[PDB]
Structures are given as C-alpha cells and as structure tokens.
Amino acid sequence: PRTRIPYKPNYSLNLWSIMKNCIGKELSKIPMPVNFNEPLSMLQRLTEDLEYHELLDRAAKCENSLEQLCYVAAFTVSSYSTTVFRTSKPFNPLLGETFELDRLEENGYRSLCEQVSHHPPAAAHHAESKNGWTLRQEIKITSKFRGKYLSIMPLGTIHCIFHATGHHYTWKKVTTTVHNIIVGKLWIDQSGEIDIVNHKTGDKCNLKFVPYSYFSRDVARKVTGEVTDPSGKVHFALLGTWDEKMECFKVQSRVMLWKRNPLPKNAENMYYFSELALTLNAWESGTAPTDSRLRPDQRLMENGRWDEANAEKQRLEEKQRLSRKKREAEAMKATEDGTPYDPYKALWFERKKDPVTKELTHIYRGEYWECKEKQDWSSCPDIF
Amino acid sequence: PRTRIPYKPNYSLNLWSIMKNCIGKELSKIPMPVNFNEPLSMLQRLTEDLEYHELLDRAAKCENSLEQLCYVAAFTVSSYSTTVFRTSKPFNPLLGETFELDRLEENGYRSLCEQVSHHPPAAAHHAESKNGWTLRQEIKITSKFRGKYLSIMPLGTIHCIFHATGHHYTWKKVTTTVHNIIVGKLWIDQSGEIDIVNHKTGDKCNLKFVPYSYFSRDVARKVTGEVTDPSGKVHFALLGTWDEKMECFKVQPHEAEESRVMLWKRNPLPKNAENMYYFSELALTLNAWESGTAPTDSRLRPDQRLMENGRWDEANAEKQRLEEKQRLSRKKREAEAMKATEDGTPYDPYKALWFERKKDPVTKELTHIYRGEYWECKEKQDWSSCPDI
Amino acid sequence: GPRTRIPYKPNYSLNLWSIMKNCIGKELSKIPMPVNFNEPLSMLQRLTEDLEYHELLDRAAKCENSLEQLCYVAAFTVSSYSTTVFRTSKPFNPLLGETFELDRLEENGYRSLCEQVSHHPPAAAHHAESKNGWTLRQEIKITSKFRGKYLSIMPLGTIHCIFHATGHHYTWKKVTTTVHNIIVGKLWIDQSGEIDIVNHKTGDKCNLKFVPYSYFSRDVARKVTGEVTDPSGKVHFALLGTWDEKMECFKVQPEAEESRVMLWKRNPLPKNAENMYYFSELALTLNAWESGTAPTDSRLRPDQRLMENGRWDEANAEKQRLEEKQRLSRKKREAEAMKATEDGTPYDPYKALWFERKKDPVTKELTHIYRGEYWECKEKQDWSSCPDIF
Amino acid sequence: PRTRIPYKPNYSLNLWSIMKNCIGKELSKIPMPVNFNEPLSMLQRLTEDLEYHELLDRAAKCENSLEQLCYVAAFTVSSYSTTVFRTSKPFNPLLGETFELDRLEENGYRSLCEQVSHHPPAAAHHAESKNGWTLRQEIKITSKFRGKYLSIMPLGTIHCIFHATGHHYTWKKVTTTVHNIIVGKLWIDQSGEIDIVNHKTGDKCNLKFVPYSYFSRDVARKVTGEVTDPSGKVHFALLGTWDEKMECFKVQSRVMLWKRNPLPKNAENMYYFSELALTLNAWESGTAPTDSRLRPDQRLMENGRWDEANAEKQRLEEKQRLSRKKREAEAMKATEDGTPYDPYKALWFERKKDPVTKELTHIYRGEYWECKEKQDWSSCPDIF
Ligand SMILES: CC(C)CCC[C@@H](C)[C@H]1CC[C@H]2[C@@H]3CC=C4C[C@@H](O)CC[C@]4(C)[C@H]3CC[C@]12C
Ligand SMILES: CC(C)CCC[C@@H](C)[C@H]1CC[C@H]2[C@@H]3CC=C4C[C@@H](O)CC[C@]4(C)[C@H]3CC[C@]12C
Ligand SMILES: CC(C)CCC[C@@H](C)[C@H]1CC[C@H]2[C@@H]3CC=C4C[C@@H](O)CC[C@]4(C)[C@H]3CC[C@]12C
Ligand SMILES: CC(C)CCC[C@@H](C)[C@H]1CC[C@H]2[C@@H]3CC=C4C[C@@H](O)CC[C@]4(C)[C@H]3CC[C@]12C
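Chains as they are written, first to last, in the entry's author numbering: chain B, 405 to 656, 676 to 807; chain C, 405 to 657, 671 to 806; chain A, 404 to 657, 672 to 807; chain D, 405 to 656, 676 to 807.
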C-alpha cells in the first residue's frame, strides 16, 4: 500500500481573483488552474464511497430487512465523512477516462468507474463484492456559484443489490454547499433529505441533513432518520452527525453503527486525504490505458510540479476539444451525405432503461475485468 | 373565442444555413430569428396538455381505479397528437413570464404557468379543475442538436391528483425529436417509454412509443401499453397511434367493441390550419388578448404579437431588445450579489412569484408547487411584478 | 493460397437517381441500369457467400446437446449479414442456365453448387454438402420493390441445414434487406425482421429479432436478440449481438460474462478492400478462374470478367448481348410451345439440369433439390454443352 | 334469396385468338375482354369455400381430434366441387374492393374478404362462425400460361380455429390447371398434395390429388388421404373423388362423408353457378361502397351488357392506374423532400406476423361489422 504523498505547496493564489466575475455560472464552465485541486479525479473521488464498505459487508448478513436498511442508511451517510476536511476540487475527468480498483483479496470488491459524458459531465461507477452485494450509480454533477456560496447538486440514483435475498435498495444524493470563498477557511455542508426505498420488501428510509445555523440549537452537521415498513410503523430510528458518528436505535436496543476512521498522520498538509484516499492514485499494473492513474497533469500536480500541470491540463483540454470538433464534423458530413451517424457511446457501460427505477442509467457491460486479465486494450482511445 | 389568426407570412430563410456550424449546441444558445417560431410561448405550448381534458373529466367518474388508470394513460398520449404537424419553436419565455387560462365555465379549469428559472430553464405549470382533478408539473427542457435531428427532452415529473378518492398519478414525458434539418420540410417523431404510477393504489401502467424507422413493418408511430394491478399483472391493455386514436381494451386469458372500454380520438384541425402554423382549435385561443391578466402574461409579449400580425422584422428587433433587457437585468443581479458577497451584506436571490420550490412528499423531488395566490390576486387586481415584457 | 486481390474499381461518375427517378414501384430485375452499380460477382456467388463462416456449422456438428447446437446454427443464420454493412453493390442478374461451383474439400470442407432454376420468377437453387457432418440447401427466389426512399429486397424461400450424424434438420427463412439513401449516392444497407428456426427432429425452436435502424433510438444499432426454446416452451439459451460485428449465445437459469457458451466474430475485410467493392476475404476468390467447372459457371460469364478488369464500357454491350440472347431463346421456347399446341405434338418444357423440382418431405413445398449428378459428372468432364448461354 | 340469374349471351370470340401470342405471361398481364369472365369477383369466388360449411359445423362437435381432422380434410376437398364445370375467370378485384356475407341466422357465419394488395394480386378472407370455428386465409394468385394449359397456383395458407379446444388447423391450397384453350372447350384439373397440420395436438393429414392421364389409372379425379397422429400411426384413411364424394374410413369404417350439392335447375346457361354462387352477387342493403355487389362492370356483364362492360372495365382499370401513379408521385416527392412516406395499407385487415405459422399474413382487425352496425363507412376510397 502507498501512503505519505508530497505535501501541497504554498503558491498564494487568491481564489476570489478568478471567481470574482464568474457569478451565476457552472463550475465546469469556470476557468480554473490546478492550484485549488487535489491529486485525485472525480472518478477517484466518487469511488471513495466504498471507504466504509464493511457496512455493506455486514448488511449482507442481516436476516431482518429493517435492520439491514439501517445498515444501508448508515452507509449512505458514511460517504460524507471525507467532506469535513477535504475542501478541494478533484480533477474534471476527461471524456474517456476510467479508474479501476481491483481489491478483491484485500477488501473484497472490484470497483470500476468511467466518465460516460463530458457535456454534461456524468460518471458511471460499478463495484462487485464477494460478500453478496453490488453497488452501482451514475452521478451527473450540476453546480452553481452564487458568490457567498458554491452549490453542488450531484444528481443521480444509487443502487445496491443483495444477491442472497434479492433486496434492491436505491437512493438519491443530497445537496452540498461550500462556504467562505472570498476570505477565511473553506468548509462544506450538506443539507436536504435522502429517501431510500427497498423494492423487494417495500421498506423505506428517510434521512434529514440539517443545515448549519448558529441559533438553531440543532448541532452542526446533524443527521436524523427514520426507517419505515410498508405499513407505517417507525420501528428503527437513526441519529448522528456526518462528521463523526452515526447510531441506529429501536422504537416500540441501541445497536450503534458507524464511526469514521481517523485521518492518517500529518495529513493536514496532504490535502486532508483519508487513509484510503492515499492509495487511490498509486501506480498500478494491468489497468486500462485511460485509467486515472496515468493522467499526466494529475501526476504532475501530485508531485508538486505545478505551472507545468496548468500547461498539461491546457493541452489535454485542447485535445478533447479537437476530438469533439472532429466528431461534430463527422456528424455534419453524415447529415448532408444522408448516411447514418452513430454518436459516441461509453466503452464499459451501456445506457439502458433501469428496470426498477425506470431511468436511463449506464449499466456495467461485464467485460472490463476479462479484458484486464487478458490484457487486450488498444480499444481505449488516446485520451492522455 | 378566437377562431382564426392572421396567416403565416412566406419569408425565404434557409434554416440549415444557421444550424450548419451550430452542431452540438443547445437550442437556447442557437442564435436564430423569429422566422422559425410560432406565435406561442413555451408556457402556452405546455398549457396545451389540457387540450383533451375530457379524459381526466371522465376518469374522475371511474369507480374502478384500474379503469381510471386506463383513462389517464390515454391522457398522457393525447398531448402528442398536436406534434404531428406543428414543427415550430415556441418562444423561449422570459424569466418572469407567466400565462393564465381561467376557463371554468367554458372548460372547467384554471391553468397557470410561470417560467421559474433560466439557468437551467424551468417552467412550472399548475391547473385545478372543478370536475374533481388537478394537474401539475415542472418541466425543465433540455435539448441538443446532433445534426441529423434536434432532440428535445422535457425533463420533469407530471402529477395528476383526484381529490375525491385521493388518487395521485405521476409520470414522466417521452423524448421528442425533430428531423430533416438540412432541407426545409421538417417532421417530428416521438420515441421511448412512459411509466405511470399511482401512489395511493399500487397499480402501474407502461406505455411504449415505437420510433419511426426507415423500413419498419409495424404501424407508423404506434404506441402499446399495459395496465397492471399492485404487485400483479395486466388487467387492461391499450394500443393505438399517437397520430389519431388510442384504445384501451380488457384482457381475459368476437369483434372489437366487445372487449373495449375506453377510446380516445383526436379532434381534427380547423379550416385553413395549413397557413395558421397548424394550430389546434384550442391553440388559436391561447394568445388572444384578454383583460384582467398579470402584466407578465404571454399574451402581452411584444415579439409574439408582432409576429402574429405578420410584422416579423420588427419582431426580430423587439426580441433582441427583450433578450438584451433580460441579460442586463441578470447582470445587475449578479453585480448586486457580488457586492453583497464582498461587503458581507445580506442578499435576496431571485425567487419565483407564484411558485415555491419545495420537496414533493410523494416523488421526493424539489419541484415548484403553486402557492394558492394567483387567482385571489387576480380578483383584486393588484400586481407588484417585473417589467420584463 | 487462393486469390487475395482483384483489380481495383474504376471511378465512373453516373448518377443512380437519374435512372431510378421514374422507375418507382418496379422490380430491380426489370429496371434497366448499366454495370456501374454492379460487383464482379453473380447472384450465385453472392448466395454461396453464406458458407463464409462455416466454422460455426463445423463446431455445431460436434455438439451433443441439441439446444447448444441450435445456438451455433442461430449464429450461422446472422453471420451471413456481416458482409452487407459496407458492400452495397448489385450482383449480376444471372442467366437462366448459369451455375456456380465451389469444390473446396481440403481447404474448407464442402462442395457447394448453385444453379438458376427459373427466371420468371427469378429463382436460384443452392446445395452444399460438407464432410464435417452437415449439409446446407436452399432455393432463394429474390423479389424486390423500389419504393423511393429505399429499395426493398426479400430473398423469399426456405433454407435447410441437416446433420447426418444425429438426423437434426434445421429450417429457417431469411430476413428483409433494404438499401437506403439512393437519391444522393452514398447508399447504405440495413436488415430488419425476424428469423424463426425450427428443428423438425427434436422440436426445438429459435427466434431472432432484427431491430430496424431508426432515425432516433437509444439502443445499439443493428441489434439482434434471440431465444432458443425446447419443445415445452422453456428458454434454455439466450443470445444477443449485432450483425455488424458480433453475436454471442449465453446460458440463462430460469456476476459477469462467465455464462458465455458461443461467440461469433466477423472476419475483417482484407487490406485495401476500400477500393475492391468491400469484398470479404472469401468474396475475392469466388470469381477466380477454376478448372473442371461446367460451361455454365459464373467464372466463365463474359460480363463479370469484362467489368472486373475495368472495361465497363464493353461490359455494358456484352450484358446487352447476353440479355437479348436469353430473351430470344425464351421466345424460341414460347414459339415451340405454340407450334406444339397447334400441331398437337407433345411439348417438353424447360427443366433444371442439376436440380430436381420435388416436394420437400419436411416443409411440404415444391423446392429444387440437388439431383446428385454434378460432382460425378465433373469427375469425368462430360458436360452437356447444350445450354450455351454465354 | 336469389335463385335465378340472367343467362349468358352467345358471342363468337375465339379465346385462342387473344392468348395466341401471350404464352409465358401471367394471367393478370394478359389483356382480355369480359367475354370469358363470370359475373362474380375473385373475392366472391374465394368466399365460395364456405359452400359446405356444414363440414366445419359437424367438426366442431367432434371430441376426437383425429376424427375431427377427417372432417377438416373433407372440407379442404369440398371447395373444388365447383371447378368441374365452372371454367370462367372471376373479375380481377380492384385495390379497395371488398365483399361481405353476413349470414348468421341462415348459415351461421360472417364472411368478409378484401383485396389487400395489387401488384402482386392478394386477397384476404376471414369468416367467424357462431358454431365454434373460424376460417381465415390470404391467397396470392400466381399463374403462368404454357400454351397447352394454364397453370394457376393459389399461394397462401388457410387457418381454421376451434374456440372450444384451441385446435388450429393449417393447410395450403393445391395447383389447378385449365386445359384445351386452343379449341375452346375448357376443362379443369387439380394436381398435387394438401398437407393439413394441427398445431395444438400435433395431428397431421396428407391428401393426394392425382392429375388426369390418358392411361386413366382407375377413377378420374381421385383423391387419396391419410390421417396420422404425432407418433406415426395412420389412425384414419381417406378416399374419394373431388368430382362427387369423399369418405373417411378407419384402419386397424365411415365417419365423415361429404356429398356434393348438385347444380340448380337450368344452371347450364347460368355459368354453371352452384346454388350458393347465384346468391353471391345479389344486391344487399347496408354494405360498404367498395363491395363487389356495387362493381359497375361486373353488374353490367351479369345482365348481358358485355360490349359496354368492356369499356367500363377499361375505365375502372385506368382510374386505379391513375390512383397508383398518384401514390408513386407522393412517394417520389417524399423521398426528395426528406419527409417520411407511409405507403398504402389495407382497410379492414392488418398485415402482421402470424404467431403459429411465423409468416407475414393479413389478419382481420375486427371493425367491419361494427361499422356496418353504425352505417358510417365513407372512410373507404371511391373505387367504382
Ligand atoms: C474548491 C471549490 C472551488 C470546489 C470544491 C468542490 C468539491 C468540494 C466537491 C465537488 C464534487 C463533490 C463530490 C460529489 C459527489 C460525492 C459523492 C457522495 O457520495 C459523497 C460526496 C462526494 C464525493 C462530493 C464531495 C465534495 C465534492 C468533491
Ligand atoms: C424550429 C426548430 C429549429 C426547433 C423546433 C422545436 C419544436 C418542434 C419543439 C421545441 C419545444 C417542444 C415542446 C416541448 C414540450 C412539449 C410538451 C409535451 O407534453 C408534448 C410535446 C411538446 C409540446 C414539445 C413539442 C415540440 C416542441 C414545440
Ligand atoms: C446497387 C443497387 C441498384 C442494388 C443493390 C442490391 C444489393 C444491395 C442486394 C441485391 C441482392 C442482395 C443479396 C440477396 C441475398 C442475400 C443472402 C442473405 O443470406 C444475406 C444477404 C444477401 C447476400 C443480399 C445482400 C444485398 C444484395 C447483394
Ligand atoms: C378464362 C380462362 C382464360 C381463365 C380461367 C381461370 C379460372 C378457371 C380460375 C382462375 C382463378 C381460379 C380459382 C383460384 C382459387 C380457388 C380457390 C380454391 O379453394 C378452389 C378453386 C378456386 C376457386 C379456383 C377455381 C378456378 C379459377 C376461377
């Protein structure tokens, strides 16, 4: 495993200087350097949901459906434990970029995500486990800069299947807002409601993320929840804070669920990366040529070689723009010649209608690991 | 009731010349004149869903919940009956623009739409009827021009509640594509699946819109469907074409009339509709001037009235003026937010007038719901709105 | 090895829509066009190209499970359409007595033979026996219709595949083929419809659905889905793919890609095939000179060889000569029938040489079955020299 | 009911003079006057298959599927009882021409035929009975004149459904040849095999029609048959002649006997019409405007007005030709303007894939009798 990555240098670049006039625009359309990023891609950032994968591993061994949903809800809230300290923008991943995590013997799963689209940005992620579950999602990130705060709505639906019982849990994301852009330290806060539904049994769960108010009495970053049966009974209750702990009680004896693992040593200068976040961008053999570990500007930023990372990002973005212009030119030729035109489609994911949520979602085809074992790539375009 | 609008002028403007290099761009970001529009706003076009409101009126008188879902399924398809001929772009409504339709004695409902946002574009629609139902929705229109076709996806969820029984139906729209852009003559095609769900009684309905193919041996523009009970299966089956008719039969594993419970037939277009933008009989009466409306109603938009009366060149100049006023107002709001952000002073962002953004308790989505205050303010005739139009 | 390169296609600018402008609703056989839109192959050779992926049938003969064998046969039915994606040229309308052989026992493992049995309506009988334990036969009557936007081609007929070792007799029809975008020039082909395979020995069935290409669709282009059922109605194997590239048959139980039983990948086009009528690696060696064939073989047709070497201007005149020769011969047959009917003398009508028109015992239809006399006569080289069609 | 039609006039026109040079052509492409026709359309001639509907009426009351198949097999031969003397060509129906037979109380069925396609000629026929059966078919008439004889092959598949048991019998027609055209004295002969298959039980039946030979092997116009179970046993045996009778014996002695109804009085001068064939072209109320009873040239020829009937047939053929040219011009405009084009479709029949025969056939949609009840029509083209 790989820990201790080089620290963040001090270049004194005022964030407000670039985002001064860019009020009301999307974060993707805001030209930014690499100084305010972290050496991880959005795919690597998204795969971190499996940081507390033991919750799903223990949930697979629950006979009671309601108690299993209590475990699933704790897994939904556990993902925001990295949001307390990590206040950096991960690299906007390229159109064909992917990222794998083949950690079956050490952890028990094989994760794989790939950018399905860039206009608009969307990323499909799928992870298979040997303990009897599978987690998949397609996240389309939308954002808006209002001046005082930066609002981020990671749109999309997350699925979690349990092969032993057939339980299919699904839930949406919560809205995330980042404060203190002009001056002072940066901090993040989630607010809204997450509604989990089990389509196999009919169980539901409602989690409420309370926004921070000074005179609210409500503790900061508080999360309350209730898991209900198809009839109406409240049964179990959830309480905690997404910054520290989360416990599951019963109503009619306290079971307790999730406590975040502490940050590694001297992590204050390593972008506040978790112990799992360190091993994400470690070089690995047998990955696809479009994996995030091979992105040049990301590695150039990880080792502290800035200024050149800006130029490498500029070149990579110009490459993607020329590829898009060529694809549009092919479509323009095909529409005038009368020939059919087949647009861009994702490589390892297919856009089909989800049978339970009735949503156009990207599902894993099931041929990435086979091709990785056989080491037959090439297919993947020259992205970097 | 207005029965005929001035005819459509003949201006020779090549559409492909404008969208030649505009490959991959959004329709809102496509600089085009008023020549390829219709004298209706997107709010009025969205209000046209109530054209076949008799289906919901008869659905309110259905004791069987499954048969009521059979009526609602035909109501979902009835909205696409107007797309067969009308291949014109409705006016992109301004930020504060609204549109009312207070037709209780003539039709039996009160419709109200308002453009809720422009980044991204969203429009909230709410219409309550005295016959026992209410229809509401928030439509965020997304579009993309890929060359061969221009795809339009009206994202959003539509609700239809029956207060007497409490039935709450919800369904999404289907993907619409307009083809043949290089050459003048345009044609439209719908394709995809509509999934209706009743949240009070667990029964569901699935409609399948078959795409038009170069060589297909099915009927053109055919739609098939099934009505299933909660945790069961097919109780009714419906089939037809969104070009003309839609029939809903019953299954029991003779001729056609014996096993058919509900038929829907579209009313034909009025006389000389070839020169009136192929407007329906209901579409003609939408942009007729009415007294007692809000100052932001679509009937008062200068671009539409200038184009309806055939004064297209002035409509182009006026649309450029209206869009520049909206852009300057947006930049002024951005400057106010920037100064409040630097000084620490509080800032009140833009909020919709007649709609409030709350989480829907059944669909768990942040949608704009009508705050019952438009009709009450209309009777007292006090309007503290904006000067967008 | 065999022939791997033919002379290139010349660049002759002839507007196709100018000829098919007024001929709306007519058959492709009755529409007068030059040789510019043809390929140096006959319909008999084009039909013989069905045996391109015979490895699927070779492996199917070695399947103990009947249902598992049906997956290989089902992939063989779709494999023939892998060549239609780019090759959009009209094969020569063969003469009435024209034949075509393919005696490839050591190199491929079969003996194929085709003969035009009739021209009114057009019909061609094909029969190919293999030493790997199977036999493929068919009679294809090609009907067509030009509707304006597209040219519809329906190769009507029933094709059979028998396995001598087990007695399995598979039967299936072809799918509808349409060539679109004729008005401008850059024309393209698409198949659509359903193939229904039936095993008459066991009762297993298979259904393949070819989805038509549509203006807007969010599924894969040229997609084909299929299911194989036992005589009771239970779906054992399921297959999916695209006739543009691949076709896979997995197993269902009514994780990943571990249930895969049979994958079929199309053989890529040879080098510089861009200018060789997009011929496959097998399509090139079809019109290569062969010894010991019948005098009515397609390799001896003057129009194909005259056009293959790039002399299209003379190939048009030779096509006119052959068509007028065939028409005069048919007028001679009609005059003989009229004289024999007025004189009361018996009349012996035209009958096929290497095929016999008998009732098929399985499909109960009047089909042309191989008589069993072509290869034997080829060994002794005693051709009848009576047709004289070229 | 109609029991006597006007007699056939005597016109001295040599048929061989017209078909002298038309050897090898299709009967549809051979220009002929009305002198060699009969006052019936091809739809009415095809509807004459229901002449011996009592066979299906008794077949619906048969418990044994094999014994029922003997009745069905006799019904297949019963249709050829009229061809022994009737040597006239029915009128080639127009594109929109239909023909109804609403005889529920008198016979027990509702028949409807429609010319579904022209070029090539095709006719769909459907008849539902209240006695427990339904008969449907789509017949594409193909022909060829070889000089001595005219070969006619009525291609298509005929279906017979029994609602009580679900038995679905299917069989094709047999080839019919008309000889002695040069002299003038016409005679007809059938030859070939009819193969009936029951898809619900698996029973099969094979009928052999022997052609006329000079060496006269036993009886003329003989028909032999066998009724077999799905295993292989020849439970029943069939014998008879399509000239008179047809009987079904048992093997290890008479279950299903078919006797031909004789021709009515003075039928020698009425085109040898059967007792049912006379009532076919009788005027009926409440019919569609495209029914064969309203065809002008056909009725003009029925009353002996031949010379004028030729001109009326020329008018109808040119009208249909102009309509087809208009359809072709619409398609030519649609292909160049890029607008979609929807070709001609049948009115009362839909061309779908049959679930049992897996073939593209025209099935009755079920809307003719309802529209007859409401008496609207109009929607039908101006065919006459
Ligand atoms: C520095 C400023 C300008 C921008 C910072 C943006 C950062 C804080 C945003 C951008 C996208 C966000 C992520 C979007 C989606 C998810 C998945 C969820 O299951 C956990 C939170 C997580 C992982 C978010 C964490 C915060 C995040 C990384
Ligand atoms: C002029 C060219 C470039 C663009 C034309 C775009 C037209 C055809 C598009 C733009 C907006 C579209 C509408 C958006 C939403 C709805 C509501 C739905 O319930 C029925 C279809 C309907 C009413 C659409 C019909 C087609 C439409 C009017
Ligand atoms: C160029 C224009 C004028 C006409 C083009 C006609 C071409 C495209 C047509 C004519 C006959 C057709 C062939 C007829 C039969 C078969 C056998 C089938 O198993 C695969 C397709 C195949 C091999 C067809 C391919 C397309 C084909 C070659
Ligand atoms: C006058 C000369 C030139 C041509 C005469 C053609 C006549 C004899 C032919 C043309 C079409 C034929 C019919 C076609 C189909 C059927 C249906 C079958 O179930 C019984 C025989 C029957 C009813 C045929 C009887 C003979 C028939 C009427």
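These aren't lab readings, by the way, just hints derived from the structure by calculation.
Here a beta-carbon is modelled for each residue, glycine too, at the ideal position from N, C-alpha and C.
Careful, some of the hints might be misleading.
A short list of chain D residues far from chain C (calculated; beta carbon distances all over 10 Å) [what the hints assert, rightly or not]: (1) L559; (2) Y616; (3) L783.
Here are the simulated DSS-like pairs of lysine-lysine, each with C-alpha atoms no more than 25 Å apart in a straight line [to be verified]: (4) B:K775 x C:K544; (5) D:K493 x C:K682; (6) D:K775 x A:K548; (7) A:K608 x D:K776; (8) D:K548 x A:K768; (9) C:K429 x B:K576; (10) C:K604 x B:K424; (11) C:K612 x D:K626; (12) C:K682 x D:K781; (13) D:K424 x A:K604; (14) A:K576 x D:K429; (15) D:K775 x C:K626; (16) A:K548 x D:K748; (17) C:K682 x D:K795; (18) C:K604 x B:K637; (19) D:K797 x C:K654; (20) C:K742 x B:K604; (21) B:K548 x C:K749; (22) A:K429 x D:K795; (23) B:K775 x C:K576; (24) A:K612 x D:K781; (25) A:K548 x D:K749; (26) B:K576 x C:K626; (27) B:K795 x A:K654; (28) B:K433 x C:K748; (29) B:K776 x C:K797; (30) A:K775 x D:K626; (31) C:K433 x B:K781; (32) A:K544 x D:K626; (33) B:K781 x C:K742; (34) A:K756 x D:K781; (35) D:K795 x C:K612; (36) D:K493 x D:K775; (37) B:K548 x C:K429; (38) D:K429 x A:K768; (39) C:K433 x B:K548.
Query raised in the report: Of the hints stated earlier, which fail here?
Result: Hints 3, 5, 9, 10, 11, 12, 13, 14, 20, 22, 26, 29, 31, 32, 33, 34, 35, 36 not satisfied by this model.
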